[PDB]
Every structure is written in C-alpha cells, then in structure tokens.
Protein chains: 2
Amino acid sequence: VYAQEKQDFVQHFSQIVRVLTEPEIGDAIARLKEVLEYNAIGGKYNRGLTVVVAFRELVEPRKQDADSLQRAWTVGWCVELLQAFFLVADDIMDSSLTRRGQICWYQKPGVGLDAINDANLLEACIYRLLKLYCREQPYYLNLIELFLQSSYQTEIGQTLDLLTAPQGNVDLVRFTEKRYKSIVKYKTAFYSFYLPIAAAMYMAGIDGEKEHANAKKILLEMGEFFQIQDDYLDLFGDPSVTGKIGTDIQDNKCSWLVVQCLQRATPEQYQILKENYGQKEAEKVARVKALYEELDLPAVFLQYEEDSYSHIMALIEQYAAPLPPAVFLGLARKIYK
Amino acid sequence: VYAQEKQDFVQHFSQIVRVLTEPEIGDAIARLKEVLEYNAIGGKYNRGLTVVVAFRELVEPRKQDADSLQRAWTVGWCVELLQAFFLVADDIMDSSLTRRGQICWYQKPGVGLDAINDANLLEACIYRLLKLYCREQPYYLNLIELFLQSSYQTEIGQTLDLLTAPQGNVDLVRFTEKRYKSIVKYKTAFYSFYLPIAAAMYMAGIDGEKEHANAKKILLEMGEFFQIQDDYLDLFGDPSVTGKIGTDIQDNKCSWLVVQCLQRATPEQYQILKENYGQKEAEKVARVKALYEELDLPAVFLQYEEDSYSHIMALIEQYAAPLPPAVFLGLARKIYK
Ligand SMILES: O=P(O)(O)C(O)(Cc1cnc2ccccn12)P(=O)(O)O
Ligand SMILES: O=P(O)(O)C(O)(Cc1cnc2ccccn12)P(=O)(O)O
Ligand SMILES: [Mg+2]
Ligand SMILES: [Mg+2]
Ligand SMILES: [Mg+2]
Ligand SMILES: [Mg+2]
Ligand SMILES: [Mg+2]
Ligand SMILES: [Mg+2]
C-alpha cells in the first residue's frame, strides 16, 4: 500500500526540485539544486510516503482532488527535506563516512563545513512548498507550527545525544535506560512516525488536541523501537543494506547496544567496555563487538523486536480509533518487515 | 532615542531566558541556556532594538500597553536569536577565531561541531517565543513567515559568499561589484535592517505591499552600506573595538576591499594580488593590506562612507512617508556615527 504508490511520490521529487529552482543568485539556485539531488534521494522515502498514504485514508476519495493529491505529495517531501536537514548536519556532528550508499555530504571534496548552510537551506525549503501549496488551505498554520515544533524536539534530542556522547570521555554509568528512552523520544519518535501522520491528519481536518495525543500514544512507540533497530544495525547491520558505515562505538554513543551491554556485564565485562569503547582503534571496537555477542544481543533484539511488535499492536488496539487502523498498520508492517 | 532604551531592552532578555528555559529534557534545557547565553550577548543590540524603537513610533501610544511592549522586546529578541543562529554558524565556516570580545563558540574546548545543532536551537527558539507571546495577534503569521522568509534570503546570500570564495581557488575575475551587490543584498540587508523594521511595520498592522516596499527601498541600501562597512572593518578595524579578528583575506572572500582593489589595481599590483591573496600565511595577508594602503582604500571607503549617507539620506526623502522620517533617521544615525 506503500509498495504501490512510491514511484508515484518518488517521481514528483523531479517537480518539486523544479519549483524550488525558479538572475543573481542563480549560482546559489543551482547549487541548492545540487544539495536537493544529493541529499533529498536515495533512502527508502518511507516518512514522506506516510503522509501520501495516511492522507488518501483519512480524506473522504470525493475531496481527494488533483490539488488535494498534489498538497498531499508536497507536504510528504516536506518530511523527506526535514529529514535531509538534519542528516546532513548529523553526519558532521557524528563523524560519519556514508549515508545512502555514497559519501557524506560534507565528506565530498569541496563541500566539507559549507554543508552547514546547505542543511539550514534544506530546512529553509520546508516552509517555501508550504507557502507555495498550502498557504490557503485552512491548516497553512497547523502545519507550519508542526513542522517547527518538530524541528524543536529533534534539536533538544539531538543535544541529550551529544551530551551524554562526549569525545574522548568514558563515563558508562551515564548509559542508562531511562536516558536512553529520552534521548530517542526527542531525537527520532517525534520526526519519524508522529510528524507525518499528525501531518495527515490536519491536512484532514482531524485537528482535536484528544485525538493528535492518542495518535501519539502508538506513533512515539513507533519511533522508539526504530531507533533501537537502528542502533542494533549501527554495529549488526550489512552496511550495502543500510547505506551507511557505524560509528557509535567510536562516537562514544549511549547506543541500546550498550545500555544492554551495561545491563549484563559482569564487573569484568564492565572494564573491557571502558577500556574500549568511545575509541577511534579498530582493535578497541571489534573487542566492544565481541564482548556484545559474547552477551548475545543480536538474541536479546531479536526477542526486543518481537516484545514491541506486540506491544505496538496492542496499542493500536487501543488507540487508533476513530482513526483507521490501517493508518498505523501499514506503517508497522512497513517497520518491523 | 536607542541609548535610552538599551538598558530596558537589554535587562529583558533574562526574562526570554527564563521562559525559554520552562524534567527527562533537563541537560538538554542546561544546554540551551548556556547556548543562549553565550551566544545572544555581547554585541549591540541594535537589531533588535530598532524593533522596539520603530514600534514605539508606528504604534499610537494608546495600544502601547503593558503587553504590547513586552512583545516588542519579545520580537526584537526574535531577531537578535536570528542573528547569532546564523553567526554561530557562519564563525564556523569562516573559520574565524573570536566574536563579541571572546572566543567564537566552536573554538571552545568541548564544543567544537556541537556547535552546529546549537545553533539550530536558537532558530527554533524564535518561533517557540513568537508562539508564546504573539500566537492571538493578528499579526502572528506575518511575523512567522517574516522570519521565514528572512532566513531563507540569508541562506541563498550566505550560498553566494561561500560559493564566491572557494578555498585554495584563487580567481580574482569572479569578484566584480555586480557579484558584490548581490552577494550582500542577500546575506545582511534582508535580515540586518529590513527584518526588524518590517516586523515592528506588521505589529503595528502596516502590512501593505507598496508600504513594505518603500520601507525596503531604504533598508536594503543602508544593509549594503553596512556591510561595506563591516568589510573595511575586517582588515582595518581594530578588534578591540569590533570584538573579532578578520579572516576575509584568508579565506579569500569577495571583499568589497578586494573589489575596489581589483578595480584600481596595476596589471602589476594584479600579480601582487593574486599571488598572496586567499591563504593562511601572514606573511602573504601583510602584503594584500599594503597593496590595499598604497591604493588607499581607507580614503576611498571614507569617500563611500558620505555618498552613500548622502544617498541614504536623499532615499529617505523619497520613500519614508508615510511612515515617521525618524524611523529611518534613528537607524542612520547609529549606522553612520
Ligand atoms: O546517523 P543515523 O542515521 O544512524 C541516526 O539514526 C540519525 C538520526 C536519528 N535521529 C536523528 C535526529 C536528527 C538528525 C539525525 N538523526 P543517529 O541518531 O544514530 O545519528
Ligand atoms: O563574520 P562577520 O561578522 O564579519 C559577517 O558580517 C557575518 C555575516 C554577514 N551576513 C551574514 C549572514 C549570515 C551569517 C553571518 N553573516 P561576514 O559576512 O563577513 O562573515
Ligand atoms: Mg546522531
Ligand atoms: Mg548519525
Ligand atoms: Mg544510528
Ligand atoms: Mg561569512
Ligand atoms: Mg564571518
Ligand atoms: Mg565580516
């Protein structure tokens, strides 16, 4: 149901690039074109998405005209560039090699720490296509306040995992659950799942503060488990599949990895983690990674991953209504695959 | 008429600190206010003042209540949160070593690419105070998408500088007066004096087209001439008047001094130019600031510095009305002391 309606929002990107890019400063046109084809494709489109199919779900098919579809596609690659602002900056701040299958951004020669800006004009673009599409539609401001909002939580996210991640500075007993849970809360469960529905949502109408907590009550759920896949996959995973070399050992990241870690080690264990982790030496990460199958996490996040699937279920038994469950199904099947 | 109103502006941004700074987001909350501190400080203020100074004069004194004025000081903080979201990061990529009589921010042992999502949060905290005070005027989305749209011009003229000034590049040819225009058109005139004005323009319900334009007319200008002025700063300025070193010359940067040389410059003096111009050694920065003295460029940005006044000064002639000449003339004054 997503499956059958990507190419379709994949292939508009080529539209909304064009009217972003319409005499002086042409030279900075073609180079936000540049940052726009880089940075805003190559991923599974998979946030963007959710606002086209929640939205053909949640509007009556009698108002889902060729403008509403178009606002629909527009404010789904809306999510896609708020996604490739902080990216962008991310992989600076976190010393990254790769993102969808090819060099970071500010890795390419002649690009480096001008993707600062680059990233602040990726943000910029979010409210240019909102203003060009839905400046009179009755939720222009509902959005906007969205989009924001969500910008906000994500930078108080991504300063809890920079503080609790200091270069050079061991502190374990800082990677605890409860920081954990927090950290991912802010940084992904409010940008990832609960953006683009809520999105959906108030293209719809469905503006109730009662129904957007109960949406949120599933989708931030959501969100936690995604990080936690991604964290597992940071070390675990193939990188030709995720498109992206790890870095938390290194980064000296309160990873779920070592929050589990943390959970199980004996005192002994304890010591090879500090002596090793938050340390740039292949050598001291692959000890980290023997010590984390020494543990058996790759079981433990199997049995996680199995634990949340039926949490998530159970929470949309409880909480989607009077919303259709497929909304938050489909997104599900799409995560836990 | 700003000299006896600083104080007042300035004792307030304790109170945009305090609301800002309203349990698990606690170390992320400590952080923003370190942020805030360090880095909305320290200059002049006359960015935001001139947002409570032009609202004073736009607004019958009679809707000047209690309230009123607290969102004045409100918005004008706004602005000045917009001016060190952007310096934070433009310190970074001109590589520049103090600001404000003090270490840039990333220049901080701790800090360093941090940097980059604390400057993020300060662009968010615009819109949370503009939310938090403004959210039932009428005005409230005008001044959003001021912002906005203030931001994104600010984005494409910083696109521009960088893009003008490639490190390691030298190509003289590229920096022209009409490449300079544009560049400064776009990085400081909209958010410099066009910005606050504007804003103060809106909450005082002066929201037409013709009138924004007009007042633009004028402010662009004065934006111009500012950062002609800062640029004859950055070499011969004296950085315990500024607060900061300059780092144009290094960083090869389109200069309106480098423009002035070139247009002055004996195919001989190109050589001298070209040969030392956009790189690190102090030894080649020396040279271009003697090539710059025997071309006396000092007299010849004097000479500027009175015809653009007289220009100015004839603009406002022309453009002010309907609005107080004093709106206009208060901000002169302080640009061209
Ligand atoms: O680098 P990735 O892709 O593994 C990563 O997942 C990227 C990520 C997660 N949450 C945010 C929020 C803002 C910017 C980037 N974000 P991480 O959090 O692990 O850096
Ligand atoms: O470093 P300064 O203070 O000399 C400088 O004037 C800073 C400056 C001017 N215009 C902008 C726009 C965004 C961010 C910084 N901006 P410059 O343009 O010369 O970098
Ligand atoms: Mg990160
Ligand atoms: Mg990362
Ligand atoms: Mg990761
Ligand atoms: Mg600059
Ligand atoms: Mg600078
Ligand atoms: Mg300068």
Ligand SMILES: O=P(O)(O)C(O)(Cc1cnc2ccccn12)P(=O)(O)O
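Positions refer to the first chain, counted from 1. The term rigid core refers to the maximal set of C-alpha atoms that superpose within 1.5 Å between the two forms. First, how it differs from the form deposited without this ligand.
- Core superposition between the two forms leaves every listed residue (144, 235, 92, 220) with a C-alpha shift below 2 angstroms except 235.
- Core-superposed comparison between the two forms: the CA of residue 282 exceeds or equals a 2 Å shift.
- Relative to the superposed core, residue 42 undergoes a Cα shift smaller than 2 Å between the two forms.
- When the rigid core is held fixed, the Cα atom of residue 182 travels less than 2 angstroms between the two forms.
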Second form
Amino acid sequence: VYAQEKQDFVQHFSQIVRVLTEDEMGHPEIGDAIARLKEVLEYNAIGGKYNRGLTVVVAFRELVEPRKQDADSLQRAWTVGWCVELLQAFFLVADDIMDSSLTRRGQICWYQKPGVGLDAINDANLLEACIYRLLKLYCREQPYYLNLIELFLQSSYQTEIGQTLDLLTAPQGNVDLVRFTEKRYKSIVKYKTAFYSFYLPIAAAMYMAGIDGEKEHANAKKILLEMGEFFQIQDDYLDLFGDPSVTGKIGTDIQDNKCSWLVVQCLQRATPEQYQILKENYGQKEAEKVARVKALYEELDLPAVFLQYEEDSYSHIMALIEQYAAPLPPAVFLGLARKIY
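Let's compare: the form deposited with this ligand bound is above, so bring in the form deposited without this ligand.
Chain only, nothing else included.
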C-alpha cells in the first residue's frame, strides 16, 4: 500500500505549491503575500508521515476500475490527498498556538518562529483556504466536486467541535477530574480526531470513485470511527509506555491535564485513596509528581488492561469489516487496520 505510493505523493507537493503560488503571478501586487503563503506551505505541510493523504491515494486505486485510472485521475487523487494534509496542517498550526506548544515533529512550531507569532492565525487560515483552491483548480468539472467540498467543510466543523469539547474538558491548568469520563473521552476522540483522520480520507476516495451513497458512507464511517477510537487510545497508551526511541516521542499527557484514555481508566479503577493521589498529582511540572501517576497506573495494571483492550478491539474491528465493508473491497479497510495494529 504505503511504501510504493509515498514517493509519487511527496513529489506532487512541488506542483501543489506551484499552482497555488502562480494563479496570482498574473497579479503582481499580492506578490509578497504569495511568497509568505509559499513559506507557510513548505514549513507546515511537509515533515510528517503523510498517512492520511496517502490513504486517499491508496484507497482510490483500490476503488476505481483500473480502466479509469489515467494520468489526470491520479493527479486529482494526489491533489485531494494533499488537501487532507493541508487540512491537517491548518489544525496543527492553530492547535499549537492554542496549547502554547514549543515544537512539532521535533522542530520549532511555526508560531514560535521569530517574526511570526500570532500572525500564524492568518497563516493557518490560508492553509485551510488552499484546500478549496486545489479542489477548484483540479476538480471543478468532476461530478464529485460538490461532494468533496462538503466533506472537507464538514470534516473541519467536526474537528472544530471536537476541539471545543477538548478545550472545555481539559484546560491546561485546571484539574477537575470529574469531567474526565468515558462518554466524554470517546466524544472528543470521535469529533476531534477520528472523523478527519479516518473517515475523511477513505470517503474522499469513495466520492472520487462514484460511490456517493449515504448508506455506503454510513457503513464505511462506522468501521472508520471505530478504528480512529483505537488509534487514539493506542496513542494515549504509548504516550506513557511506548519506547521513546520507538515512537520518536516522549509523552507529556499527564503534565498537561489531558483527558487521556489512561486517566479515564484510572478513574474507573480507583478507590478514594487513589483518586486523591490522582487529584493531588495529575498534571504538574514536578517529575516525581508525574512518577506517582505512572506508578499508580502500573499498580492498576493499565498496561495489561490496554493489552486486553487491544485484542478485543482488533476482533471487534475485524467483525465490523466482515459486516460493513461490502461492497467495498475489505482491503481498503484491512490496509489501515494493518497500519494501526
């Protein structure tokens, strides 16, 4: 799936940048704004793994009768993959400002760069706008055009709703473990992460392939949101117990008063002595006050609970594919399941 197509996907980026910075090279006056847009694109859409954009391309190839896969159709697939990556970039540039993060993908967040600061708010908005310029440039005469506009807009709105929910639930600075519930956790994950990361890219490829039916989309969505829930739970687990030289990351969830899967589980599993030890330790600078939490999680066998959850979640996802994939090829879904499990 992914290895093969990546090459061609990253290489199409240069052309994405050309087209977005040259439709107004017949408008001299905005030159300097266009140069800034170029810099925003290059700094922020490049450097991740591209899993979500690639999924568009892979899914497209599995879905479209190979007969209808000319140079032009593939180019639209790469472009729409890149749109998912721009949606992503928009969210991250903006979330980094909202969180006051320092780095992203191990480099300095865009807004932290000397001379950028809160101007990054407009930069993020430009990234979002670039999605719709690409659709128009590449897809306006296709019959799925309006379907794709609506899917991207809807994906943005769900992501934003999810973000609002996260922000209400989990202010960086206010412990109130009372709001860290399971129903709320699943909610945040579904809106903030699973819709754009898992439904968006397959749905887009579905539409490019003519599969516009509400039912098919409802069916695919059911499988994909469930995958997205697992992916994020695995992210929360690995934030703390992952090997840091394996993730390339080192987690700060507990420091940041995150509504992690772990703390939800913890709060289901605690006697009151534990809750206090959690109330008094969740989310401080102090390393040893974080130690007390990682230790308490271990004392409640959350690694084992996770291991059990992952086995169950994998059988459950497989039954969902059995049940809801048709008439799409199960491979569209199984390729993603292999990637995350």
